[PDB]
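Okay, here we've got a single chain as structure tokens, the form solved without this ligand, with questions on binding and movement later.
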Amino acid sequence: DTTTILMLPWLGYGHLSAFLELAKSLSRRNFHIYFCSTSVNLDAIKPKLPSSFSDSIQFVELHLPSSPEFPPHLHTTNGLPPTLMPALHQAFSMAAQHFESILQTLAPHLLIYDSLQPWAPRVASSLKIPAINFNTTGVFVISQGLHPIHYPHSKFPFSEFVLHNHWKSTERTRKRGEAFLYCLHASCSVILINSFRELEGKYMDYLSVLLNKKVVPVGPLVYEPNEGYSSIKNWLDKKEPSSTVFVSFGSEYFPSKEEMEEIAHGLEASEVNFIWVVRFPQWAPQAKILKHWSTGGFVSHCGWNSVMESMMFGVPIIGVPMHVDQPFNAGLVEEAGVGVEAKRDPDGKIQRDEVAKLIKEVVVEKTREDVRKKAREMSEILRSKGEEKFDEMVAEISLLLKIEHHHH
């Protein structure tokens, strides 16, 4: 009979997008995919799965405990009030017993889990089902955290990047224990990750050594669009080449009113064209917008998907980080030469004028072209990479399932 994989993303839009792209490729390689998340997430990613995959990728609903005031359409981090974040983690924790009922019933041959379920590799070991880890974000930020663990004294070897730590609850108590999580099977001996070596080759090689694991890259996993655009195309089509920037901040961080005020001033002082329709706690075609001639700028919060999309498309990155991984991703962009970072002032807050200085210097004015060279060059290699992108991954999955075949 055919082979089956259960895919469990973390409950976030970026994770869902990454996991669906990996789910699609595994379908094309003659695997049966069990795509498992909550009903609200499955609905939000359902549009991106074409009707040709209906027999090879099934959506399997995970039930979080619901109540009239915390109902299922809130069982996701997308658009969720931050003060409800504790409940979502609690409700997710409690979904472990149902997830086990899913594994027992489906009896998959493999579990590919996101890096945020502590109970997913623990439940899969109980049923003797191999489970591989898939990280949807970059390796560069992970090696910065594991470097003091072994080398508190040595400087970070390959990078000269530094951070303000102005960013500086009990999650860390759980995070450090993963670093020391053991491994006596081939299922955890290799991890898949959403990056490509042209961007983070040294950091994958370094991370492979710290973790004692094989770091198999399967990135970048960017989703290409197939109205909204019709109205927006009018702006892009009319304006001359390279005169606009896009402002993206994501659906999980809602910038503070002062922060939005300081950022807004960067846009006005920069005297640049702008396309921004931000959200508030409870959409736009970002990919299509990044893929127009008029587009030569991206003022992004530097989430991994936004960083990957620009490098794939070729649009220079104006970075304004303000959350967990953004500053590192933003440091990596500048090191790579494919963008510039706006160094937020020695004060805690964002510098209103610092943002404005960079947008004009990069988009309206070709003051910095060293970056533009790097943006197009990077995008050429990404598109050049084709079906070999999943070659190394398929080989390890094949080998892993064969090893476990004897352990019975």
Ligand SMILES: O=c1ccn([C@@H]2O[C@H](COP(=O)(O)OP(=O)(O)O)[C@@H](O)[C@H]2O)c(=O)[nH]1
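Residue numbers count along the first chain shown, from 1. If you superpose the two forms and keep the largest set of C-alpha atoms that fall within 1.5 Å, you have the rigid core. What changes on going to the form deposited with this ligand bound:
After superposition on the rigid core, the single residue among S143, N305, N329, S187 whose C-alpha moves by 2 Å or more between these two forms is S187. Relative to the superposed core, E261 undergoes a C-alpha shift smaller than 2 Å between these two forms.
Fitting the two forms on the rigid core leaves the C-alpha of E178 displaced by at least 2 angstroms between these two forms.
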Second form
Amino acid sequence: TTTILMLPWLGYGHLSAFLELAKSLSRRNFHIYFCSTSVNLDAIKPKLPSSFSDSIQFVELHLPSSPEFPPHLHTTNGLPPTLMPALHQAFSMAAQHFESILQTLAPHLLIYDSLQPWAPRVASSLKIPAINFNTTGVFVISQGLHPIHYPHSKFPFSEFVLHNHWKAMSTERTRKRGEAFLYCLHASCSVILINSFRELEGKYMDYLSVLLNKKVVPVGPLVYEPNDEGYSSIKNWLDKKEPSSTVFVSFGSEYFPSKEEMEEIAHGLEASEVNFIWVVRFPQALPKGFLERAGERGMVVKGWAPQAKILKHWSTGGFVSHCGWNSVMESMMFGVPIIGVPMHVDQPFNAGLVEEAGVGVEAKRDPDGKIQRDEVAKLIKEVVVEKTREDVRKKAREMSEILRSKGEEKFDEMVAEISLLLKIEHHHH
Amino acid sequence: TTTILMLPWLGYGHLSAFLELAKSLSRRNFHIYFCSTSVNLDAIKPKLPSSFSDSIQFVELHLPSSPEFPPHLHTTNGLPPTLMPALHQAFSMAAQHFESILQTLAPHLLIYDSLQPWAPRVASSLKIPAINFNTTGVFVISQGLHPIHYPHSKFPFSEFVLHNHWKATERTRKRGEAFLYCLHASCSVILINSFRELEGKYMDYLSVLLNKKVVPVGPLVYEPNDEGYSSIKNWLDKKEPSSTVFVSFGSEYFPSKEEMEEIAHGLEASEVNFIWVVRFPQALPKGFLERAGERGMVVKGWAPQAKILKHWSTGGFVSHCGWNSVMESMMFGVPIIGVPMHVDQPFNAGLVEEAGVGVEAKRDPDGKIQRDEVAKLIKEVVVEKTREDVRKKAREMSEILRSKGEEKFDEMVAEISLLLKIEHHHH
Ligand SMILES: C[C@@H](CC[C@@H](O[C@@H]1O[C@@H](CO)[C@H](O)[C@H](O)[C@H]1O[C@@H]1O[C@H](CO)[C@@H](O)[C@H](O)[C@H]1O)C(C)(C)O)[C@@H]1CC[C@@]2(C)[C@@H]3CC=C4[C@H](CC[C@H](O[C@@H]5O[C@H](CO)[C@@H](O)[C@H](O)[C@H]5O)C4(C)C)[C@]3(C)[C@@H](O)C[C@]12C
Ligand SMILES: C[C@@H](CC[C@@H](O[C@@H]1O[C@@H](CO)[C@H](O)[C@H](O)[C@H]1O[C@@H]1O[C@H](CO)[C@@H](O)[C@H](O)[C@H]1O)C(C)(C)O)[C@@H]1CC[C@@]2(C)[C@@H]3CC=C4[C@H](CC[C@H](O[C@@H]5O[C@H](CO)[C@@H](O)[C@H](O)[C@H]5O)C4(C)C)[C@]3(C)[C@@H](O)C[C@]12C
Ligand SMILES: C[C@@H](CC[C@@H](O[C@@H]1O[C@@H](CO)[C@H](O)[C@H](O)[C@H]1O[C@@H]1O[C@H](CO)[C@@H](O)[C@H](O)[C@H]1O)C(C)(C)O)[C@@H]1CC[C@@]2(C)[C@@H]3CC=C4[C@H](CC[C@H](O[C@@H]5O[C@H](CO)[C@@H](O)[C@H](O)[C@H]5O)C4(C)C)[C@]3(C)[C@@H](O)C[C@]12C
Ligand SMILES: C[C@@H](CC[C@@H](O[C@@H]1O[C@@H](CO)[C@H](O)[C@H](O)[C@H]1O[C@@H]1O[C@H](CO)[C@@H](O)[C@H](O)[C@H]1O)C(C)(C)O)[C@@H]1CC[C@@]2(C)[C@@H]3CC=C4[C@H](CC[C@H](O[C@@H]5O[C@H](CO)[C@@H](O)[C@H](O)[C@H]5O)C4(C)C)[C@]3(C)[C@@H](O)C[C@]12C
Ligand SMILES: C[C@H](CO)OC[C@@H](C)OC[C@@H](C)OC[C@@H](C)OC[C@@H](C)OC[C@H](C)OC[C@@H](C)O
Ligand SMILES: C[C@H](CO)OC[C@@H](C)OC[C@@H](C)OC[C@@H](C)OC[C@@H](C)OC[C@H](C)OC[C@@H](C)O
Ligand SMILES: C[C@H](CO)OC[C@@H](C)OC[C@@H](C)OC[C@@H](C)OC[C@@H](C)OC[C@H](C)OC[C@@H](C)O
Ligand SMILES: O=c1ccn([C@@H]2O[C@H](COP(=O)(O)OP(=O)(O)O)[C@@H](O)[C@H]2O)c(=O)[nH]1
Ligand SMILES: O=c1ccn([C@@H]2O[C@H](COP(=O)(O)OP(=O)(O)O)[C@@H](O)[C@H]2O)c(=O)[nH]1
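Now that we've seen the form solved without this ligand, could you pull up the form deposited with this ligand bound?
After this comes the whole thing, all chains and molecules, with the earlier chain placed first.
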């Protein structure tokens, strides 16, 4: 039995995408060691059906621990942003435990995320072949690598323009971050895997492959679908609404919008008169009277909501989303138009790809980089409340039809590449 | 590797349901020998993706052959109804070749259909455990078995009444004895293509009446990925959403000229868009296609039923209510307009109506189809959509069925595991 150890970065969206990939490999008769910190393994375990537990086994990675940084903070999920430097420093210090895990389990293959340059170095030292898996889409990576080779040329194959707000958000420190990220891709054996699909990003995949001089293999759409978490009361509330009348509002697992940002979002929801379910979180807030004036149109869920189940409900007509890639992939699969309110990292590029595909719209920031309640209201009105953007709704339906038609063949290329790589390395061993 | 030989009855609907069940066992690491006549194996091979061919292997069963009854007629698909006695007799005579196949391949398990009492007998003689798999739903079986045990009491848990057209001695008893033997002879359990949200109380009742465990393995529904589709798709793409009915009477029925006349006039009066599969043995009123214009399309011989039912333009399914077609329509959320023809179909239409995911065009007292019934129901369900209730339940049923996954086969796999562990001891 061929064994693969999988090492996602310590973020919930990363663990989620890796676990969907783990199931696909389990269905192809691989045995999977799924390796993360205990707090992340606990968070993702409800997403693993019991039928997989014989072939997908959780392996705890130990980070350095202190009473000031204890194991329940060894995740980006709800982490105070100012502990991100500590979290990254401790993850890099896990390389010795990770070496011991690889020596004990001796897996045939390592699949690793793009935030751990040490991981393919440890694997190589044990003669364990290793492949990089990216849980972003392709667009953002191609946009970052293009200016390195073509500093005086516009990015081709897109009219996307990154807002000045993110253009400025020591160039030497920024360079070293990019060198570590690219090393993870560059070090990958023969191919890199990425959670995307050609109908959406084929031209960018081909370009990235030319730029990196490595084959890019899509393995998406990777989308978790559950089989209470508070859904019983949420479903009963959604059941009282008209079809396609409600927006779900969420900024993912590792972002806390500021008070000023929440004000613009809240006033936008209010002016649109939409029904809304809004997940509000606080690290491990709303205008006075906002909920009271919303009345039965609004619901705030504290901490966490059953995102997939809400997006699949017949009452849901829109998704006000930070445009994290898993959330975008879910919304496309479920056919819910995205109203993009991107915040940072890959999100503004994801919102631009959503907009260019015609399956969603982006709420634009003002020149000073602030969210605009007027934009948010206008786009919710057009996409959900009055539905004058029938073009967006049609493209969203058509994309979901495309994504629902994909099956296990989406993994054929990855499996063939893994097979070839292990047969070659067995010779060289 | 545990091996299973599967022996459907020689009908396309049966091979279809058996192949979907074969795929589910293959994903559970069984090796499948899929056994049927060559004409049937040829017909079903497009529905088997290449990824399965290493673990689902086709095995040819030979029936007796003659120039008057050659191998391309060894199927009910498009077969002249007056050759059905010959096909059944030929299938019985295949029991010898079937024994040789079981001896050669030595499968660990036989799964067999309900039209071959000799099959579990051959398996038993070779000490091969055998399980019956039914490609109907359960309602029809419980309705047939109930009056045997309760001749003076009405069937419970349903108000369905079988029209006198289908109501109307020793030969009938002998047919029922052979069918029930297939179920009764099954080892430990019978398998059936159904699911509890739709037929739970009937499964429980059948299990009591047969004194055997009934294990559901449904919904079993083929979904594809040309065969004419590219042109049909371009035609559907020009229609309004949910505006079009697909019309089909399955693989082994040819409606009479009289029936075709009533269906045709019902379609015309409704002013619905329609795609209608019309077949001739291995027809329409004069001017009907002309007057229909671009509203109607006749497809000769065969159509990509699943792709059509899944299209955004399809709002209804005028169906003979064969069980695979009912299961597909429920899975895809398309309301059924039932025009059942024979065998289990009037019972299936009754269950559809009871569940509220479709409606049944009722026949006249003398058994004739009524063009006014067909037109009225198409108008109410598809064209005017005043039966919002039917469309909603169809949608809610589609969501239920889409929520099911690989767990629907857990009970079957566990029973198979137990049965083989027991019989390994005894042999
Ligand atoms: C800084 C360097 C690695 C940083 C890490 O360091 C590692 O640390 C040690 C211990 O930790 C490890 O043990 C490793 O040994 C050591 O890593 C080695 O680092 C050397 C360079 O120091 C590589 O040579 C060698 O391979 C690699 O192993 C880090 C973060 C851990 O410190 C990065 C890795 C990805 C990479 C190679 C990119 C992406 C891909 C490349 C480009 C430049 C040019 C090429 O691209 C081609 O250029 C043509 C002209 O335009 C195009 O025509 C064509 O299209 C395009 O393909 C290429 C594919 C090589 C490019 C943009 C380079 O600028 C800079 C590179 C950014
Ligand atoms: C691989 C690289 C990713 C870079 C890409 O980003 C990613 O891109 C998205 C795709 O779009 C992804 O999906 C992720 O979401 C997104 O990642 C997030 O990005 C946001 C803001 O951008 C952060 O807020 C958040 O935290 C981070 O996770 C990028 C920037 C190219 O885009 C990661 C980022 C953090 C980082 C730089 C750490 C931490 C700090 C560094 C170390 C190595 C050495 C240095 O650190 C050493 O240690 C101490 C630091 O002070 C000092 O003592 C000493 O001087 C120094 O040597 C250094 C500072 C460079 C170290 C351990 C590196 O190996 C590996 C790095 C892990
Ligand atoms: C198991 C039984 C199924 C009976 C059930 O039906 C099924 O129920 C649905 C579920 O709802 C299913 O899904 C199927 O669609 C539906 O099936 C179809 O039903 C329609 C009309 O309803 C036919 O048009 C069509 O053909 C048939 O497939 C039923 C009736 C209970 O409902 C089958 C049907 C035919 C039959 C009776 C044959 C053929 C003929 C018979 C033999 C056995 C012995 C006899 O043979 C004679 O033996 C004599 C010596 O004793 C000789 O004198 C003589 O020469 C010889 O003929 C006999 C005539 C009874 C024989 C070989 C039997 O083993 C097995 C039988 C195979
Ligand atoms: C006619 C007979 C089989 C015909 C075939 O023959 C086979 O042919 C030989 C070679 O071909 C083979 O070698 C087989 O040996 C030989 O088959 C044997 O045939 C005898 C009876 O001759 C059985 O005894 C024995 O098991 C079985 O092996 C064939 C091929 C000719 O077609 C049929 C099979 C299914 C069956 C048993 C049913 C369904 C289930 C049963 C019922 C009635 C009573 C029971 O039901 C219970 O009744 C209670 C009171 O109401 C309720 O309390 C409870 O709820 C309910 O469970 C029971 C479960 C047994 C019932 C209605 C019976 O009438 C009649 C039966 C119809
Ligand atoms: C540490 C990293 C990698 O280890 O350093 C690598 C560094 C070399 O950058 C490599 C790559 C990113 O760019 C290659 C570049 C040299 O290409 C020049 C080309 C565009 O020709 C134009 C040139 C001015 O004019 C053309 C002239 C012939 O007319
Ligand atoms: C914002 C969002 C983040 O999620 O977008 C990310 C995107 C920007 O991706 C950046 C990444 C794909 O490239 C990083 C790059 C900017 O770093 C430069 C470094 C690798 O140069 C190497 C080497 C010296 O260059 C050789 C050159 C001098 O010839
Ligand atoms: C009348 C019902 C509902 O109105 O519809 C009939 C239809 C549902 O039948 C389909 C079939 C599935 O069930 C028939 C079979 C279960 O029993 C038939 C019986 C006459 O054969 C003799 C039988 C073995 O003998 C047993 C005993 C009397 O010896
Ligand atoms: O309240 C919530 C918020 C998020 N999610 C899930 O968390 C994932 C978030 O990943 P994404 O890539 O969208 O963004 P990230 O959290 O990485 O920023 C997605 O699977 C969402 O469905 C959820 O289930 N409930
Ligand atoms: O033109 C056609 C007619 C039928 N079918 C398929 O054939 C099966 C018919 O089986 P059903 O149980 O509905 O009735 P039967 O043919 O057994 O009477 C179903 O999978 C249909 O999708 C098809 O694909 N194209």
